[PDB]
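Colleague: If you want the building blocks of each chain, they are given just below.
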Amino acid sequence: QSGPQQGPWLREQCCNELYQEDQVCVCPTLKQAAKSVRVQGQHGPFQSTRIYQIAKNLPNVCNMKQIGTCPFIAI
Amino acid sequence: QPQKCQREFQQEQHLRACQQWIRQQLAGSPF
Numbered sequence: 001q002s003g004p005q006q007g008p009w010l011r012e013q014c015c016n017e018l019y020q021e022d023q024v025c026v027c028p029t030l031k032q033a034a035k036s037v038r039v040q041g042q043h044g045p046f047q048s049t050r051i052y053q054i055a056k057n058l059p060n061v062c063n064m065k066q067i068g069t070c071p072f073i074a075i
Numbered sequence: 001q002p003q004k005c006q007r008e009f010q011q012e013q014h015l016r017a018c019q020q021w022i023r024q025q026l027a028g029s030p031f
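In order, the protein sequences belong to chains B and A.
Residue numbering for the first sequence follows the deposited numbering, beginning at 1 and increasing consecutively.
Residue numbering for the second sequence follows the deposited numbering, beginning at 1 and increasing consecutively.
In case anyone wonders, no lab produced these hints; they're calculated from the structure.
Among the hints, erroneous ones may be present.
Stated by the list, open to error - Computed list of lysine to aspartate or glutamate pairs in EDC-like fashion (alpha-carbon distance at most 20 angstroms, straight line):
1. B/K65 to A/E12
2. B/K35 to A/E8
3. B/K56 to B/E12
4. A/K4 to B/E21
5. B/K65 to B/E21
6. B/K65 to B/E12
7. A/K4 to B/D22
8. B/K56 to B/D22
9. B/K65 to B/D22
To be verified - If the Cβ cut is set under 7 angstroms, some of the chain B residues that face chain A in the computed set are:
10. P28
11. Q32
12. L58
Every residue gets a Cβ at the ideal spot worked out from N, C-alpha and C, and that includes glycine.
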C-alpha cells in the first residue's frame, strides 16, 4: 500500500462474508485457510502453526480484534 | 470442530479480496 492516501470500505466485503454469518467462524475461518496457504508449493517452509495465529484479517477484512482474525485464503 | 464453519468456508468460495494478505502474508523474510 505504497503512497497511502485513501480509506476504502471494500475490505468489509471480506468480513461481510464472515460477518454476514456467525462470527463463530471468524479466526476459525482463516485458520482453515492457512491450511491451504502453508502447503509448501510456493512457500516451501513455513509456520502453519504460528502463521496461523499471527496472521491477520489483513488487517482490514473488518477492523475488530475483539471478534477475531486469522490467515484466510482464496479459490 | 464445526462442520458448517469449514463448510461455509469452502462451500461458499474462499474470499478473494483476502487472497492478497492471505497470500502475500506468506512473505516475512527480507533478503
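Colleague: Look at each hint and say if it fits the structure.
Modeller: Hint by hint, here is what the structure shows:
no.	hint	in the structure
1	B/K65 to A/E12	24 angstroms, violated
2	B/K35 to A/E8	15 angstroms, holds
3	B/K56 to B/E12	14 angstroms, holds
4	A/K4 to B/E21	11 angstroms, holds
5	B/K65 to B/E21	17 angstroms, holds
6	B/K65 to B/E12	14 angstroms, holds
7	A/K4 to B/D22	10 angstroms, holds
8	B/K56 to B/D22	19 angstroms, holds
9	B/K65 to B/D22	16 angstroms, holds
10	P28	5 angstroms, holds
11	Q32	5 angstroms, holds
12	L58	5 angstroms, holds
Of the numbered hints stated above, the single one contradicted by the structure is hint 1.
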